[PDB]
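A single chain comes next, written as structure tokens; it is the form solved without the named molecule.
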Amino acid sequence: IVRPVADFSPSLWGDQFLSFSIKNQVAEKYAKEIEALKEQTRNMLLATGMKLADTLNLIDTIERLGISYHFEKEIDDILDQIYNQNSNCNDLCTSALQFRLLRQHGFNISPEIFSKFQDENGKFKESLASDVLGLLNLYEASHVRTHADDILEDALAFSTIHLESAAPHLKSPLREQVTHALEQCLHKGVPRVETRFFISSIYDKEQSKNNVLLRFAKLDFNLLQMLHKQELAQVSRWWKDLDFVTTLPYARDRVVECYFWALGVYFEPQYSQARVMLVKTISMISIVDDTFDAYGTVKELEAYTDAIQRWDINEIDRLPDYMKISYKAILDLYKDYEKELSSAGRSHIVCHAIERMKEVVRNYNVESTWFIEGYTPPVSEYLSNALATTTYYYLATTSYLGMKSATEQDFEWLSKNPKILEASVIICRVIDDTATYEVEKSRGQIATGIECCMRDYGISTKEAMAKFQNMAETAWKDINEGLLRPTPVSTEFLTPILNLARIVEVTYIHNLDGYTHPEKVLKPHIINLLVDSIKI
């Protein structure tokens, strides 16, 4: 058997993450001061007799600074009051901020709040074009709409064209904020990534900044970063000890990039165990992917798929030596999960992740069959197979394992493929398909998404990519609707699914595959979140 030649770039990080020794004197000093600053900030939130505009701005600033996870109760109480008082008598800036903050927190505020800013045709009044702070907040709001919000159909186009026009003459750091916003909206960004930018590039440079909030945000970011580096060091040692870098050299070595994905799903300290479990799964399923895509023969892949369905160490002998390596590591990993969840009495929930893993591998094997046979399915059949091979049903299920408050009922809801999950999966599928079309096309893949779409509808590549872009827009509207109260499960279990969709948008920005090619997209983010501290 002549296997194909290896083409993936090596890990660009070497061993720089493998050892991190926390300085306990500094961590304890930071924690002590943060406790003091946390209370000052709580009192700012609970202050009586604030005007609406000032209250919304305080909440928005605390959220962008990345410290709102300390004040979930206080912020919820305030927005719930604002929602029920239903105030509709403010300028564009305050109205658009009100709309976005309420919708992001699940309060279904009516979009009729914008009618006073439009003419008889439902088009925004052009006289608003000189109000830059109003336009910026309208721009950010336009990204949180559902299918019931067609009154906002024009908001993105209107605000974009006039912010573009105004930007070159704005003072700093407003100019940098507007420019950044036009490249990456707040609602679809990765929270730690957006926070790092706002703290260092914008708030640190505002003349009017609150010194208490800024010091709090810097110390908190840097203290959480120490924990993230300990976790990554622990995961790096785990990866090193497995040594797939030398025994399975055909596969991508990307454990740092996998950790960035897990950090995007949740960053808070209470999800430390969940992050470490999630990153080990992403790493391991990535090995399996490479095995199907660029090494194993048709016959070997059939054996691998059947052995996964049986999930039994007795099956290893049916497999080639190199496949024995990964099969045993997979079975071991889930045994580790069961043991790790044992003192909390939650060992039994591991089977949910295992069943989603079997589904991914079955569909990998179908994808391989289609390739060898030269089959181009209709779009409906393509999607019935290819949605699972995003791995996103599996990752969402895995993200719940280390969450102590997740119950059997939560897994039951997820297992039925609810709408919000189906939407996040669709976004991953169609964005990856648009980004990777030309590459896979040169490698002879006749069953690529854009290809199936062109043959099915009988349209051009350009038209097919546009149809896929519409599918993604429909899916974002479905995610936004899925966050609205009453929710079918706690909001705690919805945010990971939203954050999986945000990771798609950030990774394939400017239409390029960032995970296989971390140099352009992901490398700057990894440096800013895991190498460089914020200077105080």
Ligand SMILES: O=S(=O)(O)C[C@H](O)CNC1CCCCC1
Contents of the next structure:
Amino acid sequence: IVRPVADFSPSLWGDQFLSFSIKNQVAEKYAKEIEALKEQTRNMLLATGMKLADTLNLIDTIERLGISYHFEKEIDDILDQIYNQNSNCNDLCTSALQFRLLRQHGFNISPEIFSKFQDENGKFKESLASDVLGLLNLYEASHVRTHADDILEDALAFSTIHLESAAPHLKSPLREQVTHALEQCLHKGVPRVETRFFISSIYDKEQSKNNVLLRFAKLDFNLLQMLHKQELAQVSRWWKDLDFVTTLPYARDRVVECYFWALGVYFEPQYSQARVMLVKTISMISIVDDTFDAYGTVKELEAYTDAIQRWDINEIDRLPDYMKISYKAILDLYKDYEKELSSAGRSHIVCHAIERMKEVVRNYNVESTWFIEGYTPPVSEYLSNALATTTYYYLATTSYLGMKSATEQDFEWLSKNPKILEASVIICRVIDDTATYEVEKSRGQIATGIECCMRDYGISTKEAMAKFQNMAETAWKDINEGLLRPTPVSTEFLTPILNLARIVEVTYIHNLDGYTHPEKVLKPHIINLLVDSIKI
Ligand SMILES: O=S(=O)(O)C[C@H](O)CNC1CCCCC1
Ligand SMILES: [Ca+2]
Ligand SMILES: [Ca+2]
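The form solved without the named molecule done, now the form solved in complex with the named molecule:
The next block holds the full complex; its first chain is the one shown before.
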């Protein structure tokens, strides 16, 4: 039986992550100072008689520095006060920042705050073109729109064109901040990634920087980084002992990239257990994907799909040897999850992730049938299958497993495909389809997203990609609306879904395709987050 020729690049990391020995003295020193710095910072936040602009800038700085997870209650109370006092009497810079921070935190501040900055036609007053800080904050704000915010329709184009015009003559690090922003907006970036850039490239170089905050941010980042490196070591050893890199040589060797994904979903220490579970799932489902995509025959894949549905070690014998490997490994991983949640009494929730995995595999098999048949479905039918194959319903569900406060009701809500989840899935699907169209088209994938779209509507490749881009923009608005209070579950269970969408934007930036080819996009991020500490 002829199998395809292996074509994936080797892991580019080797063993450099396999063993990390934390320096307890250094760790405890950092933790001791951070405690002091944390309290100094709390008092900055709780200071009375601050002007609105000063308060917003403080909160914004603490958020960009990556240390706001220490001050969730404090920041919430303050933004809530600002929301309810409803003061509209400020300049563009403060107004746009006020708008972004409140919306990002679920406070539905009216977009009417921007009317004084527009003419009678809703277009921004062109006389604001010389106010760089206003334009920058408007630019960042333009990305948190919902469908109810069409008044802000012009904001992105307006701020973009004038920021571009001004940038070459700005002083540093404002110039670098603007240039970075135009390439990657804050709201749609991976939080650790934006934080690393902000601390090192911007705040560290600000003449006006607060030294207490800067020191706080650097220590905290480097301290959390020690934990992440410990996690990645523990995970790298797990993967090594599985040894798929030799027994399943057709499959991608990408556990580091998978860790980066999981780190993107949450970075905080309290989610350590959750992160480790999540990265194992992503690794394992990546193996299954490649089995369907680049090795298994139709008959093999059918048996594999059936065995998954039945979910029973008895079924291994129905499978070819090489499939027995991943199949047992899958069953065992979930038995590990169950035991790992036993003492917390949360073992019962693992079945939710299993049912989503079954769904992914069913749709993988459908996808294989389509390819073999040369079937090009209508867009609606394509999406009915291809949304699950992003794995994003599955990953979002998995993200909940290690979260100590995730309840059965939280899983029940997720299981109904709520709109914020569907939007995140849609974003992953259409961006991936736009990025990977050309190569899949060369591999004879008659049923790619863009292809289905072209045939269905009778439009060009260009027109199809534009339509897919609109679907992504619509979905972001839905995600943003999905964060507005009151929320159907705790915000803590929405942020993972938002972060999954950010993962997409970052991974396929400039329409590149980055997990399969981590050299392009992900390698600098991995080095910055998991290899190089921030120099103090
Ligand atoms: O759905 S496809 O277009 O064929 C390719 C999807 O982007 C695959 N999503 C990844 C699967 C491997 C683990 C990380 C997620
Ligand atoms: Ca695939
Ligand atoms: Ca793809």
